[PDB]
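Based on the hints, put chains Z, z and P with the ligands in the right spot on chain Q.
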Amino acid sequence: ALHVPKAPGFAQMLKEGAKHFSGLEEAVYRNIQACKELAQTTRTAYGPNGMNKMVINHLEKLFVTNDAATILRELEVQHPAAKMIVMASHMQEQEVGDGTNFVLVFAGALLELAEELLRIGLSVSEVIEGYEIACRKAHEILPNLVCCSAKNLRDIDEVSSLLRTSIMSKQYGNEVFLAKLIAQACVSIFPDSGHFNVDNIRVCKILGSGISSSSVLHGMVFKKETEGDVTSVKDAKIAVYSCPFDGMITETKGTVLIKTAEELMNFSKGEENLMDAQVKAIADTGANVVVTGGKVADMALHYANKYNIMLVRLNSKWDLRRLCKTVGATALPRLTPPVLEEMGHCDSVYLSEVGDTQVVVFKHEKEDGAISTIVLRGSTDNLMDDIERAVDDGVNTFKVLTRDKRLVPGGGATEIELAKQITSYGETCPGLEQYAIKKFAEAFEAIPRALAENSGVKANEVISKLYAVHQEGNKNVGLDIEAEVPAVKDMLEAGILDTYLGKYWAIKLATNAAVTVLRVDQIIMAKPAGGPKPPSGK
Amino acid sequence: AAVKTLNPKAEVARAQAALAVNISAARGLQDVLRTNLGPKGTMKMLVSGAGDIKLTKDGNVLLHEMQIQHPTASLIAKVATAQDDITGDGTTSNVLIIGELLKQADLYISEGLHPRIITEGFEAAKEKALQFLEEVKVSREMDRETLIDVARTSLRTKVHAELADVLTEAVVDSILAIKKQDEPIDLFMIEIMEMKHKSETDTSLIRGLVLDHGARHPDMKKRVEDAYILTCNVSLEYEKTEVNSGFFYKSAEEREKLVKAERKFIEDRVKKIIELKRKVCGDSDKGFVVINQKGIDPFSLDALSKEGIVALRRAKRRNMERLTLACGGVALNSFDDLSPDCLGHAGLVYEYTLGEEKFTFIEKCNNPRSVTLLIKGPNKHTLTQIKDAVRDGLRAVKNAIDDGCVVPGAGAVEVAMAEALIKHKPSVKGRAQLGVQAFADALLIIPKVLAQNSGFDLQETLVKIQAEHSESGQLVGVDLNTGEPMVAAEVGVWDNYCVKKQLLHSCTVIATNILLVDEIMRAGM
Amino acid sequence: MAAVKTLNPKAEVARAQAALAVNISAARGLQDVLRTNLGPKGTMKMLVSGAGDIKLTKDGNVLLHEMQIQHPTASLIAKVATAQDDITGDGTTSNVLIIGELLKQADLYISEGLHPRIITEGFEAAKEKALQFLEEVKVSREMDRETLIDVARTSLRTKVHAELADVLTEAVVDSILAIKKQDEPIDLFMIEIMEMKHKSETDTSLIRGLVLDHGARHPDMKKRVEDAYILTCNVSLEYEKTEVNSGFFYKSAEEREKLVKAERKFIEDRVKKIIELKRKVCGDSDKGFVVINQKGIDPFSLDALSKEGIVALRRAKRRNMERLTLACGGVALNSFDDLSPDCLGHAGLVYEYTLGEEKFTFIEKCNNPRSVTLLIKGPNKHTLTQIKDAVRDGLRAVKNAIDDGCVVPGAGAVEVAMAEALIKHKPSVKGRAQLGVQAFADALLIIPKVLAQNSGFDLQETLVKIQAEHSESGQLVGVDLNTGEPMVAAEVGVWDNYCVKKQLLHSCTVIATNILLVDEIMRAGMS
Amino acid sequence: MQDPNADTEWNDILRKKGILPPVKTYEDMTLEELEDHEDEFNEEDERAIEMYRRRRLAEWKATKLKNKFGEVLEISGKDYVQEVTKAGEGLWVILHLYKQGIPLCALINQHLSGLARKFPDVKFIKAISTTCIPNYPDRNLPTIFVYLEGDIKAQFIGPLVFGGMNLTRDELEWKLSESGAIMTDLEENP
Ligand SMILES: Nc1ncnc2c1ncn2[C@@H]1O[C@H](COP(=O)(O)OP(=O)(O)O)[C@@H](O)[C@H]1O
Ligand SMILES: Nc1ncnc2c1ncn2[C@@H]1O[C@H](COP(=O)(O)OP(=O)(O)O)[C@@H](O)[C@H]1O
Ligand SMILES: Nc1ncnc2c1ncn2[C@@H]1O[C@H](COP(=O)(O)OP(=O)(O)O)[C@@H](O)[C@H]1O
Ligand SMILES: [Mg+2]
Ligand SMILES: [Mg+2]
Ligand SMILES: [Mg+2]
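Residue numbers (the entry's author numbering), protein chains in the order written: chain Q, 2 to 539; chain Z, 2 to 526; chain z, 1 to 527; chain P, 1 to 22, 45 to 212.
It cannot be assumed that every hint is accurate.
Unchecked claim - DMTMM-like, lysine to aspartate or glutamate: derived pairs with alpha carbons at most 20 Å apart:
id, chain 1, residue 1, chain 2, residue 2
1, z, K10, Q, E454
2, Q, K318, Z, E357
3, Z, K273, Z, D284
4, P, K83, z, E238
5, Z, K280, Z, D338
6, Q, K254, Z, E357
7, z, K381, P, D67
8, Z, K430, z, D458
9, Q, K296, Q, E273
10, Z, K258, Q, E264
11, Q, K534, Z, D53
12, z, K180, z, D150
13, Q, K7, z, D519
14, z, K45, z, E201
15, Z, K272, Z, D298
16, Z, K251, Q, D247
Treat the hints as calculated values from the structure; they're not laboratory data.
Pulled out of the complex, with its shape left as it was, chain Q reads as follows:
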């Protein structure tokens, strides 16, 4: 009588290293606890006062950031429910580009409050009913909280003021400079058509001169050198080839079949004469710059130097495509001279040395083009990666504004108003759903609570002040970061605004994630694999 045996049935038939959790205690509460640990792991990075984290991944690579999605990717989250919340956060990053930390905070809060409600005696089904109905009310409410709209995305001062909020949470100290840069870049792009592509904003990270040395470039920069003797061109007539800069060869197999001393004597001279003819036809179309996606031959380079053509070699195909979009050219699969339409043009193409790095710059003078580059200077690669993430946030905000121009107040104002209105809705709903509705409402309080906690003030004082001021009627009031004591101010008049779409999708995804985590009742983990990882994800 000194060992409890496994019970007959599933407990015995289960494999060796497999685990089975069932019920509120073994499954639901453990999942909620894991998600709570996750939310706690990422809470201290929320907001402008959010602190950076130094995550080292399994490859000993270092990420210094307060970007929630980046931290989550580089963490090795192993609990499945936390994995699900992270999946939701990554869907937020994909759909909107900003708001991943909101998704985490809100999901963790909803799950904590759901645990509370299950302890007081509600069923997961009723909790889910209340959470879903309250999410529907939140979506019904949010459109009415919209205060501002963009009204112009071709301007640079309005666009800078609009991107400032998204690029403030990240890179708080310097947010006017970066917002100016990202506005310049975004408005050079964004044509007369309503479509805006974020991949057309390129970021080149060069090292050594502080972030204030960053710049925008209407064109392209390649950390390459020139293949030939020419390094500068002032009226670029670029010709782009996806083929190498060499004589075309057979796809099957080629053999030089010599049968006479004359053929042997003439073969090499014929090859060079052919190359000379090819490159001279290219030069005679007026092209002064040739950009090949493949290799360069020594003879072809010789003759390009002879005819004063700048040769550039882009190993990547995406780089070639983006250069074609930049210059207005067409990648030719043959070494045939380009027609007047297949040619691209640039007000300048030159080789420069930005810092230690040598670069080839295709620079337009016009304040437009199909692609724009942000040259980020900085004393550290990690610092520049963080600033690139801030740039990505600003650009994704610009795209969200191209999609939906509506704006809600930030700094917790929207969250407090949502909490208030959903509490007022739950107070009217009778039945067991009111508890869950009121908890869904109170969950919004987690956002200004995190902002206050990170600013370095008492979250309770802040939340009480916000509730009091929002009772008086002010829906645009949120907390003040610029105050050693708990304080509040008009988010609108201050210009601290978020995107209607950002909040919409964050609430939707966080609610779906929490509700999904709750619907789990049994977990049957398998023994961990030594498999060479998922085959499709490579």
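Then chains Z, z and P with the ligands, alone, in the frame of chain Q:
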């Protein structure tokens, strides 16, 4: 024992012990799967050894994902896999009825009764139950409303209620489109494409096709309005000769001539396509879309783009038929004698980029005999769950159409068949009547577990329901919101006659074969 | 994996359904092992220790403690059976069977979502009604030799072979009917049980006297004494050294010799007292004199007593003091200070029996011995152990039939009748505890079922026949193990102990109730 | 290995292929202990308890026979050969070579006087080193020789190795039991 004297490393379970093993394993499976049954069931999460997550309520998926190494469990998993392969639904109920037959047989075998007599009673009860099933089956003209109720009964068990109300219309409309009068429904003609960007309630039915790839030439259009679709299976890339030809030249000029010539073979097929395009749309009003099951090299892509053709390459071997049935052309393996009659029409063709991948929509076809279900969702596991649910629902509607009969649900047929078996028992000669009783108490596991899952007392609910069915005769089942009896045919709770028949047959057969097992033996070393 | 495993990681835990499954599975396993022990048509199990020792047994308690089991539920049930055996001597197999069957019949309804609390309420109600029916059907009988013979037969025929049971019956009944004093509880300690390993097992006899497992250690002492005065003493007759560390000091070999002669004067004096009593009570060599000392006797004292014709046995058992003073009729002494012929008992025969390397001393032809011995003769150690177990069962059976002057019909008759009464009582129970009552009834019904199973008959057919006969007639009927037909247990002489049946009902109900209410088995005292 | 060996199936497959190697009884109770209970023992046990009690009584009487002297005595050098080299066969002898002058010697002699009564089986003798050994060095005392059958079994020599002036009647007892002479029941505490 006998085997262990010859093969010392042999494992053996004899007579009663063997029975003990098998029934125990069955009951173990039942304990796991009992919660899967019905819309009030709970979703289980299953984590692979790699860490992949599955959220499922499906009996077959749950079986194959549980971590089990039992021979009886293997037998029952295979029976469920056959149930799923042929009918698409009925796996959880299959496992439950198997487990309950074994339990109810243990009830009498523990009393020293021989399993042979229980199996005779099983056979008698199977016959009478199949008869009562064919009698109570509802032969109904399969209208959109009936099919909607059927698909609801399946999707509400497999997914959330709002998402089930969406997938219902999606699935019923999908089948009612690919359906030809008195000609078995080929579910292959319903492509199933999943996109991972939007909410799960955005899952839709595209009355056309969605290819998981697009054009690889950038200068190719991203949207085509009035499109001629050329479905081909012809290589448009460089093909080397079978006989290892090899090129021999004496001069750079000859090398250039051979390089220009070696592509003439494929340039000619591209020229054929381009001439067809010019002859069928002499202006830029219409569009022209080539969809090739084989490759297209960059040179051909350039040649076709220059003429304004949108070329997608390496499509799926099934998309050939799906496109010829949706658009309405002819799929070609050669351009020898191609005519405008070989072309299909699509009132819209466009491209959608999602992260790093591209999709191509072909919509506004005239009367497509092939459609697609676009499974949208925010998570891989949401997409997998919706795929499983739509598989179940498609099979359900297909079976209700094929078998023009339909059976009431909510355990109603099970209750009524139990009563009929209990009234039939005296007509059985010998102690096989006890096996009949066991069969009845086995049939009664469906309503019981439904009550168990809705949060009600099994015994009270079952007596209420049987009382209501004896006083009225109305085929009644469980109301999962009140625990009271309800007329399933009146409230729209429908099950598939094929599924119930397959349950009876397969469950009886496997349970009989297990009960007659008297020795489990591993002696192969 | 749970609450306890978060604090003590090396903790084993079975919760609610798992705990119930564990316990019921173990109970069903014990029942499956012990089902064959029940009844005379049962089979004997052989049990081989880790040393290689052999036990042939049909006894539930012996089988339990000898099976190789490590289950907590099995430990609980083993202790319940051990209490049953310590207090009643019989009822252990039936105890285990009824426990297992109560657990099974309760699982029948708990698998159907019924709460175990309601089953335990039904168990308590059924216990009340069953105890009432038991007191009602009990047969209060004047315990005559024939009734006691039938009782002891019903027990010994279950424990041993039929011829050996027909012998042990007379032996056991005569033994108890001899050591018994009118209206005075029976001290079974007054029945010594000595086993001899030389002859056939049917030579097992009742010596109306005593058999000591030792004899005289002086060869010149007689090996047979006819008319014997027995002196039962607890006085050391060997050399005892002083408590206070005395030691001898002498200056000459003659003084050493004087001290050697003197150091024994103390024990020589007690030997002389014995010898003087012997001479005063039997002045000739006609009668005999037997000293039986609970303490030692040195060779000098043995010589001194042999010279006078006394047979002295030494280092007898502390119980033999009372057994000899009650059989022979003397007084056991711790000193020979003032001893008189009234301190002596009489034995019409005393003799010695050598068996291999050991000696036995028989004291027979006592007048009216209130103490006797059962001589267990048999050819094998395991035969002797088996007969010891059987005679324990039979002695307890007759003692209980006398103490509780009532006696209950056997062959599952009382169980059948109690099941019918419980089933007729069911409607008077309020709520779903009626199912607990049904479970109690079908659990009680395992005794006739197993009896049929072991006699080689169909449980269901025999049980329906028996219940039909009991409902149409009302005669308390049970299983006829040779025909499978119903038979009147009181008419055919198949008797059980009312005390045993009551102890079964009480203890089985209690342990089954407590097991069903277990919702967590937990081993967390590690580290 | 390439990966960390943990609860995973990959390591298990590698292992299967051959890579990644993987009061007890009356038997012991003394005369005093046997009296302590007496009643506890069951009579069936008491039958063999009689034999074990006779065995223990015989052993105790044997030890009584063996305890010849039980007290410290002094031998001169002249008779040393008879008292030590030719002591009783198998009799453990402990000789304390000492001068009365050295106080540590007197402490050791007091401890030996106690141990002699504590251990009446072992022979305890003391002797002046100058009178046992011709010109025994002054700074080489106390000397504890342990003898058996005339053979030296141990020799604790020196005013420092013996264990310091803090030497109670316990650590010396252990040092003497080191060679297995007095056979105490403890461990070296200090
Ligand atoms: N100047 C500011 N004052 C107060 N709150 C701000 C300010 N700038 C940004 N925020 C708030 O910070 C939150 C977003 O910060 P961030 O850490 O980027 O989270 P997320 O990744 O969810 O956008 C929003 O609630 C936003 O309103
Ligand atoms: N709304 C409902 N009310 C009551 N019973 C239902 C309802 N919907 C389905 N059922 C019943 O629940 C049972 C199990 O459903 P499902 O899990 O889809 O079958 P399976 O167990 O084969 O997967 C079916 O027998 C069905 O008749
Ligand atoms: N000759 C017999 N015929 C029928 N039943 C009998 C006979 N002898 C004994 N029995 C019954 O068999 C049962 C089991 O006997 P036994 O094994 O001695 O009891 P236990 O199970 O307590 O060891 C008793 O209830 C007794 O009444
Ligand atoms: Mg942000
Ligand atoms: Mg289904
Ligand atoms: Mg008995």
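Verification of the hints:
1. z:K10 / Q:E454: 40 Å, violated
2. Q:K318 / Z:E357: Distance of about 15 Å is within 20 Å: holds.
3. Z:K273 / Z:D284: Answer holds: Z:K273 to Z:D284 is near 17 Å, not above 20 Å.
4. P:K83 / z:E238: 14 Å, holds
5. Z:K280 / Z:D338: It holds: about 14 Å lies between the C-alpha atoms, which stays within 20 Å.
6. Q:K254 / Z:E357: Distance of about 35 Å is beyond 20 Å: violated.
7. z:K381 / P:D67: 18 Å, holds
8. Z:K430 / z:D458: Measuring from Cα to Cα gives roughly 18 Å; hence the hint holds.
9. Q:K296 / Q:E273: Between Q:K296 and Q:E273 the Cα gap is close to 17 Å, so the pair holds against 20 Å.
10. Z:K258 / Q:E264: 17 Å, holds
11. Q:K534 / Z:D53: Holds - the C-alpha atoms of Z:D53 and Q:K534 are around 10 Å apart, at most 20 Å.
12. z:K180 / z:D150: Since the Cα atoms of z:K180 and z:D150 sit roughly 18 Å apart, the hinted pair holds (cutoff 20 Å).
13. Q:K7 / z:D519: 14 Å, holds
14. z:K45 / z:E201: Holds, because 19 Å separates the two Cα atoms, which is no more than 20 Å.
15. Z:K272 / Z:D298: Roughly 14 Å between the alpha carbons, so the hint for Z:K272 and Z:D298 holds.
16. Z:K251 / Q:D247: 18 Å, holds
Checked against the numbered hints given earlier, this structure breaks hints 1 and 6; the rest are met.
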